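Chemist: Here is what each chain is made of, one letter per residue.
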Amino acid sequence: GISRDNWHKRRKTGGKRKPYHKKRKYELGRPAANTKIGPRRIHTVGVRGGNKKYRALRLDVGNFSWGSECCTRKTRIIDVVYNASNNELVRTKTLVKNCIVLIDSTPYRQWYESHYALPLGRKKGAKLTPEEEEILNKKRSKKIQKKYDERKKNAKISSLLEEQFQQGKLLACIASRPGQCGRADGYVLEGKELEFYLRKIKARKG
Amino acid sequence: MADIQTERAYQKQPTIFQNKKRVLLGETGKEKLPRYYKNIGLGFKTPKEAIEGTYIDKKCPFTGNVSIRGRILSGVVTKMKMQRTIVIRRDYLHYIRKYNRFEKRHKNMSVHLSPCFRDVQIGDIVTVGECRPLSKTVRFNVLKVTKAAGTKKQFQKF
Amino acid sequence: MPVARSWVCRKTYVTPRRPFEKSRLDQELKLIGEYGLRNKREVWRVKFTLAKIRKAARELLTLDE
Amino acid sequence: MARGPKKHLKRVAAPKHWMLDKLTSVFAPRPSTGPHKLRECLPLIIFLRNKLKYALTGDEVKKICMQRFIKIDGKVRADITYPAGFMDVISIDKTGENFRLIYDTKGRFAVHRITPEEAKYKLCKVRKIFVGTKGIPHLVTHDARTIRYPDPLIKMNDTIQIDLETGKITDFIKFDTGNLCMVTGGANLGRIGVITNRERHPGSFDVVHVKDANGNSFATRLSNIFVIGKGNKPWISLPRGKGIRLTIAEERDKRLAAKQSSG
RNA sequence: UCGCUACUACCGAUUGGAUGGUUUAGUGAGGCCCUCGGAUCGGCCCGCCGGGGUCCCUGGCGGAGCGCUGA
RNA sequence: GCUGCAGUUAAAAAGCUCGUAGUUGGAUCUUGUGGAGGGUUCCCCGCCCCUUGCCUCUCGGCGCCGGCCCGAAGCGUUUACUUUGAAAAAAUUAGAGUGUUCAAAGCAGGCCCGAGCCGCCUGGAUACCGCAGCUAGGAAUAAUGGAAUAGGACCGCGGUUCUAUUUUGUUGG
RNA sequence: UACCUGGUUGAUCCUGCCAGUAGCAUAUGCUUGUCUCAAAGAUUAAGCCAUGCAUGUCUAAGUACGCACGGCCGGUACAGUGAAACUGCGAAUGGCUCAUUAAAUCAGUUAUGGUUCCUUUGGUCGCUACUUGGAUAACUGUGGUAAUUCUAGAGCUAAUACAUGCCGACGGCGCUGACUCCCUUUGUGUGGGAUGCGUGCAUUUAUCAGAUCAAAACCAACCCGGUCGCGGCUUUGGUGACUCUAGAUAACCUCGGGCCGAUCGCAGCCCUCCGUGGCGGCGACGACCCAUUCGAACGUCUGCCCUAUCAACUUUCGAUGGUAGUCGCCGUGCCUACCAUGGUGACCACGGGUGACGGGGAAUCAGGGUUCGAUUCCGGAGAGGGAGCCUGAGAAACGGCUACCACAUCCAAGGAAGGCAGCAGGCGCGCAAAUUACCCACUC
Ligand SMILES: [Mg+2]
Ligand SMILES: [Mg+2]
Ligand SMILES: [Mg+2]
Ligand SMILES: [Mg+2]
Ligand SMILES: [Mg+2]
Ligand SMILES: [Mg+2]
Ligand SMILES: [Mg+2]
Ligand SMILES: [Mg+2]
Ligand SMILES: [Mg+2]
Ligand SMILES: [Mg+2]
Ligand SMILES: [Mg+2]
Ligand SMILES: [Mg+2]
Ligand SMILES: [Mg+2]
Ligand SMILES: [Mg+2]
Ligand SMILES: [Mg+2]
Ligand SMILES: [Mg+2]
Ligand SMILES: [Mg+2]
Ligand SMILES: [Mg+2]
Ligand SMILES: [Mg+2]
Ligand SMILES: [Mg+2]
Ligand SMILES: [Mg+2]
Ligand SMILES: [Mg+2]
Ligand SMILES: [Mg+2]
Ligand SMILES: [Mg+2]
Ligand SMILES: [Mg+2]
Ligand SMILES: [Mg+2]
Ligand SMILES: [Mg+2]
Ligand SMILES: [Mg+2]
Ligand SMILES: [Mg+2]
Ligand SMILES: [Mg+2]
Ligand SMILES: [Mg+2]
Ligand SMILES: [Mg+2]
Ligand SMILES: [Mg+2]
Ligand SMILES: [Mg+2]
Ligand SMILES: [Mg+2]
Ligand SMILES: [Mg+2]
Ligand SMILES: [Mg+2]
Ligand SMILES: [Mg+2]
Ligand SMILES: [Mg+2]
Ligand SMILES: [Mg+2]
Ligand SMILES: [Mg+2]
Ligand SMILES: [Mg+2]
Ligand SMILES: [Mg+2]
Ligand SMILES: [Mg+2]
Ligand SMILES: [Mg+2]
Ligand SMILES: [Mg+2]
Ligand SMILES: [Mg+2]
Ligand SMILES: [Mg+2]
Ligand SMILES: [Mg+2]
Ligand SMILES: [Mg+2]
Ligand SMILES: [Mg+2]
Ligand SMILES: [Mg+2]
Ligand SMILES: [Mg+2]
Ligand SMILES: [Mg+2]
Ligand SMILES: [Mg+2]
Ligand SMILES: [Mg+2]
Ligand SMILES: [Mg+2]
Ligand SMILES: [Mg+2]
Ligand SMILES: [Mg+2]
Ligand SMILES: [Mg+2]
Ligand SMILES: [Mg+2]
Ligand SMILES: [Mg+2]
Ligand SMILES: [Mg+2]
Ligand SMILES: [Mg+2]
Ligand SMILES: [Mg+2]
Ligand SMILES: [Mg+2]
Ligand SMILES: [Mg+2]
Ligand SMILES: [Mg+2]
Ligand SMILES: [Mg+2]
Ligand SMILES: [Mg+2]
Ligand SMILES: [Mg+2]
Ligand SMILES: [Mg+2]
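Chains as they are written, first to last, in the working numbering: chain A, 15 to 220; chain B, 194 to 351; chain C, 21 to 85; chain D, 6 to 268.
For the record, the hints were derived by calculation from the structure and aren't laboratory data. Each residue gets a CB set at the ideal place from its N, CA and C atoms; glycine is no exception. Wrong hints could be hidden among the right ones.
Unchecked claim - Here are some of the chain B residues that sit facing chain A, going by a computed Cβ distance under 7 Å:
#1 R201
#2 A202
#3 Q211
#4 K213
#5 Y285
#6 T330
Unchecked claim - No farther apart than 25 Å at their CA atoms in a straight line, the calculated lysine to any residue pairs in the SDA-like style are these:
#7 B:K213 x A:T86
#8 B:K213 x A:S128
#9 B:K329 x A:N20
#10 A:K214 x B:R201
#11 B:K213 x A:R165
#12 D:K21 x C:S26
#13 A:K50 x B:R201
#14 A:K170 x B:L218
#15 D:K179 x D:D168
#16 A:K30 x B:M275
#17 B:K272 x A:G29
#18 B:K205 x A:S172
#19 B:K225 x A:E177
#20 D:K235 x D:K259
#21 B:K252 x A:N20
#22 A:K206 x B:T208
#23 A:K23 x B:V331
#24 A:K206 x B:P227
#25 D:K160 x D:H143
Using the sequences provided together with the hints, build the complete structure.
Modeler: Okay, structure coming up:
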């Protein structure tokens with residue numbers, strides 16, 4: 015088949031080598047996964063020594079984490095924006111490791127609100143009134159400062175981050191090979207990586 | 194030094210995090226980045242430059258992810274044109290036993306030179322150790338530079 | 021095929037280099053007559069078993085005491 | 006071809022210390038997979054017909070073993086090529102005799118009958134130490150045994166005296182300078198002496214010295230030392246001549262004086 | 001040097017013949033992967049019969065969407 | 001033809017010189033006695049300045065009556081060389097033991113009671129295994145190096161700077 | 001045993017070779033009484049192959065309604081022997097040959113801290129249940145084709161096949177916080193607290209901690225010796241070296257695509273007691289992960305015959321390196337995208353030849369050497385040539401399958417079938433190589 019043998023290619027000195035044997039099975043190749051976006055489609059392959067291996071095609075959801083707040087929530091995956099190796103994977107939306115994606119960012123909002131009793135990126139004060147303010151202000155008096163002052167001096171979500179929630183889409187980086195674990199996990203961009211990739215996206219495309 | 198990202202992807206040391214807490218330092222402060230480094234063993238003192246420096250190399254034996262194990266060798270430098278890696282030479286004497294006489298031979302080796310050592314010159318001696326295959330033809334990382342034989346680097350007021 | 025056998029064997033004599041040499045033929049014929057042996061080979065056996073002892077003796081005598 | 010594991014063993018290629026002949030036939034027993042290495046083992050078939058003469062052909066060994074007579078460390082083994090090895094204690098109930106596999110000083114196993122109040126414990130050499138899940142410390146001996154919850158002072162290269170009905174180590178000798186040792190590899194095979202030294206070359210095969218009861222010293226590798234005694238006092242019983250490895254100029258004299266040409 | 005008889009290799013019109021290997025250009029059996037496809041075979045939802053219980057649950061026969069769902 | 005050939009005339013020294021790799025390279029940088037094994041000076045100890053060359057410690061054992069004394073940790077500027085250890089499949093080779101009826105072979109065999117011993121003794125050694133890699137002594141011979149517009153050692157001092165995390169019980173300023 | 005002898009001349013002294021001389025291994029000629037060992041289609045043609053045989057397998061312990069045989073009459077789990085057939089395992093070892101192949105293979109030396117591992121050995125086994133589902137083979141019966149270890153339709157029935165899915169024993173703890181209870185309203189100092197979510201191992205991502213160091217001086221709350229401002233204290237394992245091992249937190253989960261027993265055979269017991277509730281032994285089997293074993297795979301240093309009438313080679317058709325990925329059992333231009341312009345050579349690169357498979361070894365041998373090694377031990381490679389893959393722990397397998405090339409067989413001209421460089425045997429080739437025998441008794 016396709017193969018990952020060393021012996022088919024020439025040595026330091028630039029001289030050829032003549033073939034030493036037929037292609038063995040332990041030099042086996044197999045074709046790319048090319049995970050797209052859509053409703054789940056996970057296949058499995060049998061690899062050397064039993065050992066199922068889950069190839070992923072058409073993924074949709076990812077277990078992304080928020081390092082500063084130690085949160086992590088199963089989140090929908092919205093799109094791919096920047097690929098650091100080849101660019102025609104963002105034109106065809108293939109989802110591989112160290113890609114850069116937009117996710118939905120809603121469960122992080124819910125956690126932040128319910129934990130710090132504060133509002134994140136909002137538009138007005140009309141929508142917050144009919145519901146969900148019954149959670150921000152409570153019956154409590156004991157507790158409502160006994161713990162919520164421990165949640166004060168700490169709710170300082172960075173400006174670069176705060177500007178994102180106003181659209182509801184967050185930049186994230188994959189940290190798992192979907193084509194070998196079936197899952198597409200990762201983390202959400204913080205600190206200086208954020209500035210880096212903001213610059214890079216604004217620079218190349220558009 | 195502060196600008197080190199030149200590739201199409203962000204360069205950071207793994208096993209290292211950037212917290213986002215306690216914003217009060219005043220008019221300046223910590224660079225906001227600690228350093229990861231480790232020891233090699235066998236009696237090799239990690240260069241202070243590796244600690245204080247600010248660079249990224251997944252293959253540098255003092256900061257990155259490689260283990261030194263097996264043979265230890267040494268050789269004299271003969272070329273440094275490829276980036277982050279150099280070419281060294283080893284001379285030895287084979288023994289033809291029909292005659293009772295030796296014959297001179299040499300062998301070239303590619304090794305990987307972290308940016309920790311910065312002041313190497315053709316002619317320097319270098320002591321290298323064994324790693325996992327880091328490229329097609331590279332199996333050895335530089336562990337310790339030296340110019341300890343004559344025709345030394347600098348004149349005789351050192 | 022692999023097989024359960026000893027192939028080990030060896031020769032027990034050595035012919036002389038000068039094939040027609042009178043000082044040799046008359047001495048060996050004397051030794052055949054005086055002990056009643058059958059060929060010359062019955063003498064070359066004894067010559068071999070002595071000349072092989074005399075190699076071990078010599079190589080020992082060239083070791084140090 | 007070779008595309009998978011082999012399963013025959015040729016008579017010439019077999020180990021030397023089995024002391025096999027040359028002209029019976031092309032094969033040798035090929036010990037089955039077990040706790041002891043293939044070169045260090047002694048299959049059960051070779052112990053019953055080449056040493057104790059109890060059987061005569063392979064089938065007699067098979068029908069001796071099937072009747073459940075032979076016990077290797079208490080358990081009842083029915084596989085005739087089972088790999089017995091150093092510190093294993095064969096027991097033949099139907100006769101009432103016991104044995105201990107120990108190297109004789111020429112570097113081979115020999116029969117060594119022991120008293121039945123001794124064949125209840127065997128020594129093992131520690132090979133690994135690790136902390137399992139939930140924080141439980143483990144142990145691995147030279148014959149693959151795994152002891153859970155060992156004392157927190159037993160370390161690598163030490164020796165431990167176990168029981169054959171429980172495991173559950175009882176005593177342990179610690180490797181350091183001054184204890185007895187038997188050597189189990191290379192040139193010096195089956196010699197005994199106090200350890201007396203240990204040099205340490207980091208990353209390659211630390212070396213160890215020894216010293217017999219007659220001044221003779223002989224280095225070795227640390228991975229070939231096997232402590233068998235606290236000091237000058239071997240715990241387990243010893244074969245005749247006690248690992249002293251006399252030279253051939255002495256072996257000749259004893260052969261001549263004893264005149265051991267008959268009985 | 002010329003002339004005789006034997007043998008050995010050389011050049012060469014034929015642009016020799018065959019054989020084998022290279023190789024640009026074009027076609028490309030068959031397996032694997034992927035995106036489809038859907039022959040055909042089932043189960044649960046409505047009657048009559050037999051069992052229980054207060055019309056439902058089972059077993060069977062037949063038929064209506066065959067609806068949905070599985071391979 | 002390395003041990004080991006030949007080049008005036010027998011086959012054979014480029015017409016002549018220069019020249020990079022290669023091969024080869026001058027001399028020179030420490031000796032006597034008290035005891036020990038071997039003699040009548042000379043060849044494990046310390047003495048003319050040195051003698052495993054020192055250091056400074058620290059944690060753990062070895063001593064004395066706390067105080068002071070000596071083994072270990074650093075290695076000595078690097079190699080080649082030489083010597084010793086380790087580690088290296090068997091068969092084949094050399095080699096030990098053994099009347100196959102002798103030998104080539106083989107790894108066997110040897111003892112006493114008629115059976116009433118319900119047996120006993122013993123073997124299946126050893127040497128070799130170039131080069132390359134590993135390990136510790138020796139320092140002759142051969143490469144190689146130290147301060148010349150200097151920098152070695154004594155806690156000698158001033159200026160200047162980064163910084164370690166201990167104690168003041170802990171936690172924080 | 002460190003050896004020479006004939007031959008140019010009319011004769012002599014030399015250089016120098018041709019010839020003699022001894023061993024060895026292939027062929028061949030003449031000759032042949034005994035007895036112990038024992039090589040033998042390698043050389044040419046890795047050319048082609050008639051016939052037969054070389055790989056099968058059942059225990060007390062997966063499935064027994066073949067009446068096939070069967071006994072004391074009964075299957076009332078069901079006796080007992082047991083063909084066949086489903087199921088499991090093995091078929092990847094062994095045997096044969098030497099075409100390929102010159103830093104390749106192979107040898108010694110080392111490394112997996114960069115991976116996989118059927119089996120054996122030892123660990124590990126607790127977050128309708130007195131027992132679930134439908135459907136096949138052998139067997140009965142009807143068939144088609146000239147033909148094959150070809151198979152179709154119908155009627156039955158098993159499981160350790162296939163496929164679902166409980167019970168036990170959770171009394172766990174963390175986060176939540178309606179409340180309420182004292183002293184400070186509050187804040188802050190109190191103790192309980194119902195109500196709720198997560199709460200076994202494994203998989204994937206992210207985070208946290210992973211301690212002790214050499215002493216002092218002032219400020220707030222403060223343990224303790226005890227009072228209305230002082231002396232005194234701190235916590236797995238391992239390595240030369242880990243981004244190791246163990247621990248904590250927040251989540252994630254492979255279904256039809258992880259685990260925690262709907263299986264089988266001998267031997268027994270207690271009943272607030274009369275066969276049910278209960279419990280006691282010994283095994284066979286299967287299974288997650290860890291170790292161990294037999295390996296396998298990739299990698300480091302040094303080591304090769306002849307050739308200059310081979311002096312420069314290598315590269316977007318990856319050549320040397322960097323960054324990120326794809327893929328793979330893991331390391332890696334192994335492969336893709338962008339970037340740099342490198343790597344090798346007179347110490348013989350690169351190209352060519354080898355009647356070249358490498359080594360342990362063999363012949364001759366004063367000392368040094370020369371020549372041989374297809375051949376019983378170890379390593380490699382291949383089943384006419386090239387290519388692709390199924391199944392499996394393990395194969396790029398040919399006593400497996402699919403296709404092209406070259407051969408060749410059967411035919412009713414529609415179709416089907418094949419691989420002796422296994423053992424014998426035959427043709428061919430050549431100077432050149434044995435019987436279509438016997439047997440699992442020995443080694444395995
Ligand atoms: Mg597995
Ligand atoms: Mg094979
Ligand atoms: Mg093959
Ligand atoms: Mg076996
Ligand atoms: Mg002519
Ligand atoms: Mg002619
Ligand atoms: Mg011509
Ligand atoms: Mg042509
Ligand atoms: Mg063509
Ligand atoms: Mg094509
Ligand atoms: Mg097709
Ligand atoms: Mg195709
Ligand atoms: Mg589909
Ligand atoms: Mg469909
Ligand atoms: Mg001459
Ligand atoms: Mg002349
Ligand atoms: Mg001349
Ligand atoms: Mg001249
Ligand atoms: Mg000189
Ligand atoms: Mg011999
Ligand atoms: Mg003999
Ligand atoms: Mg050799
Ligand atoms: Mg050597
Ligand atoms: Mg030395
Ligand atoms: Mg100065
Ligand atoms: Mg003449
Ligand atoms: Mg004449
Ligand atoms: Mg001649
Ligand atoms: Mg003759
Ligand atoms: Mg015979
Ligand atoms: Mg022969
Ligand atoms: Mg042939
Ligand atoms: Mg046939
Ligand atoms: Mg039966
Ligand atoms: Mg039955
Ligand atoms: Mg079957
Ligand atoms: Mg199988
Ligand atoms: Mg044959
Ligand atoms: Mg090949
Ligand atoms: Mg070549
Ligand atoms: Mg070639
Ligand atoms: Mg090599
Ligand atoms: Mg090897
Ligand atoms: Mg190798
Ligand atoms: Mg099995
Ligand atoms: Mg098990
Ligand atoms: Mg049917
Ligand atoms: Mg790269
Ligand atoms: Mg990579
Ligand atoms: Mg170039
Ligand atoms: Mg160049
Ligand atoms: Mg070449
Ligand atoms: Mg050869
Ligand atoms: Mg060939
Ligand atoms: Mg010789
Ligand atoms: Mg060979
Ligand atoms: Mg051949
Ligand atoms: Mg043959
Ligand atoms: Mg072979
Ligand atoms: Mg090997
Ligand atoms: Mg053929
Ligand atoms: Mg299998
Ligand atoms: Mg094939
Ligand atoms: Mg086969
Ligand atoms: Mg077939
Ligand atoms: Mg076919
Ligand atoms: Mg065949
Ligand atoms: Mg044949
Ligand atoms: Mg003929
Ligand atoms: Mg012949
Ligand atoms: Mg013939
Ligand atoms: Mg048999």
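Chemist: Please work out if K206 of chain A and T208 of chain B have their alpha carbons no farther apart than 25 Å.
Modeler: 16 Å, holds
Chemist: Has the given pair, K205 of chain B with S172 of chain A, been kept, meaning a C-alpha gap of at most 25 Å?
Modeler: Given that 25 Å is the threshold and the Cα spacing comes to 21 Å, the pair holds.
Chemist: Does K213 of chain B pair with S128 of chain A here, judged by a C-alpha cut-off of 25 Å?
Modeler: It holds: about 21 Å lies between the C-alpha atoms, which stays within 25 Å.
Chemist: Taking only the CA atoms, is the gap from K213 of chain B to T86 of chain A under or equal to 25 Å?
Modeler: It holds: about 17 Å lies between the C-alpha atoms, which stays within 25 Å.
Chemist: Decide if the proposed pair is consistent with the structure: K252 of chain B and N20 of chain A, CA atoms, cutoff 25 Å inclusive.
Modeler: 22 Å, holds
Chemist: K50 of chain A and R201 of chain B were given as a pair; does the straight-line alpha-carbon distance stay at or below 25 Å?
Modeler: 23 Å, holds
Chemist: Within a Cα-Cα threshold of 25 Å, do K206 of chain A and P227 of chain B meet the stated pairing?
Modeler: Since the Cα atoms of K206 of chain A and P227 of chain B sit roughly 14 Å apart, the hinted pair holds (cutoff 25 Å).
Chemist: Need the status of pair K160 of chain D, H143 of chain D: alpha-carbon distance at most 25 Å?
Modeler: Given pair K160 of chain D, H143 of chain D holds - Cα atoms ~11 Å apart, limit 25 Å.
Chemist: When the nearest CB of chain A is found for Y285 of chain B, is that gap smaller than 7 Å?
Modeler: 19 Å, violated
Chemist: Is the hint on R201 of chain B kept, meaning its closest Cβ partner in chain A is under 7 Å away?
Modeler: 5 Å, holds
Chemist: If you draw a straight line from the CA of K179 of chain D to the CA of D168 of chain D, is it 25 Å or shorter?
Modeler: 18 Å, holds
Chemist: Mind checking the alpha carbons of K329 of chain B and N20 of chain A for me, to see if they're no more than 25 Å apart?
Modeler: 9 Å, holds
Checked against the numbered hints listed earlier, the structure breaks hints 5, 20; every other hint is satisfied.
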